[PDB]
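With one protein chain held back, the other chains of the complex are shown just where they sit.
Chains: A and B, in written order; residue numbering restarts at 1 for each.
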Amino acid sequence: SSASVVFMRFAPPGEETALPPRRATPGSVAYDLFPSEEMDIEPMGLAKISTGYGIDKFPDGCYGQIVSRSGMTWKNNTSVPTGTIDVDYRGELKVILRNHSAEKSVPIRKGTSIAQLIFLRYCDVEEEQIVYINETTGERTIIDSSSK
Amino acid sequence: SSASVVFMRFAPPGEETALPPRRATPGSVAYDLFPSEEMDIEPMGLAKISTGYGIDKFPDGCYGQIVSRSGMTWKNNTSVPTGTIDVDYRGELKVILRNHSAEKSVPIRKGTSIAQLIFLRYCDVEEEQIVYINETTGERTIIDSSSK
Partner (left out) sequence: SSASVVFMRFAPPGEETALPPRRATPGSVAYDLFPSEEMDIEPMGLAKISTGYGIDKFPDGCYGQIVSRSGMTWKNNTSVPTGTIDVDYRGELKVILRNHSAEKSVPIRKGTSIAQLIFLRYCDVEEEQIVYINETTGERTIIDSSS
């Protein structure tokens, strides 16, 4: 279970949907994400693209980070401004994609990947304290504290 | 100590300050960050927003990465262009926020989160080497090496 992922398909079986998150090969860090629908992102535009899938099970100690693909960033003048997926998120992954071109539109197509997903190890903090420190004496005052 | 964090409050107790860093849900991988002061980020503007807090103690094997919130990115046409917090950083966390709108200003308000902070596991490299590969033999030549 330590290195296993379960993706949740939103569309009922039998219905046309996006290509599933596909391992990027050659390579080992990313999954390619695909769009459910086709569109053209206008110059300076910001799009929210549905991928047809959610993460049902994350690998242990990992959350998901949606990142831009190098090719499209350079070729289509794009970026992925946000992409932090919490371990409790059950909804459908949606890629936020910005077109930085003042002249060209970005083609979003069924069989072509729009972004990558990486499973990064993070710390799920168990203990937290908020402290105020006297800048002259070094004396500490606990503001508040909590356990998870 | 392995999963514990200590935040340092810059404002004395009883003084006006930003809401403290806080995880919104039990599935939250990131702490929500809040502004100390209210402002309006002009179109195309880049702001450095004070959060009222610093990190006094990091969890073991982790560093702080400030990332954009999805809501704030989509609703206000924003991005967080930088946010690497080194384990030796002793100052107040400041969020760098870009407003991509050519027409609308971004409202920065006291009770509304501007970004989030993740504690990511990184490798604190102990041994490093620069190598040159001889192009006739394939023989590796150590240029330099260092220990931490």
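Brief remarks on what is shown
Rule of thumb we're sticking to: a residue touches a chain if its C-beta (ideal position, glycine included) is under 8 Å from a C-beta of that chain, and two chains touch if they have at least 3 such contacts.
Touching the missing chain, out of A:51, A:82 or A:116, is residue A:116. Among the residues B:88, B:103 or B:139, only B:88 touches the chain that is left out of the figure. The omitted chain makes contact with subunit A at the following residues, 3-9, 12-13, 20-21, 23-24, 26-31, 53, 56, 59-60, 62, 67-70, 73-74, 77-79, 100, 102, 116, 118-121. Residues 44, 46, 48, 63, 79, 81-82, 84, 86-89, 96, 98, 120-133, 141, 143-144, 148 are the ones on subunit B that touch the missing chain.
Rule of thumb we're sticking to: only the chains that are shown with their structure count from here on.
Subunit A and subunit B, compared by their mean Cα positions, are separated by 17 Å.
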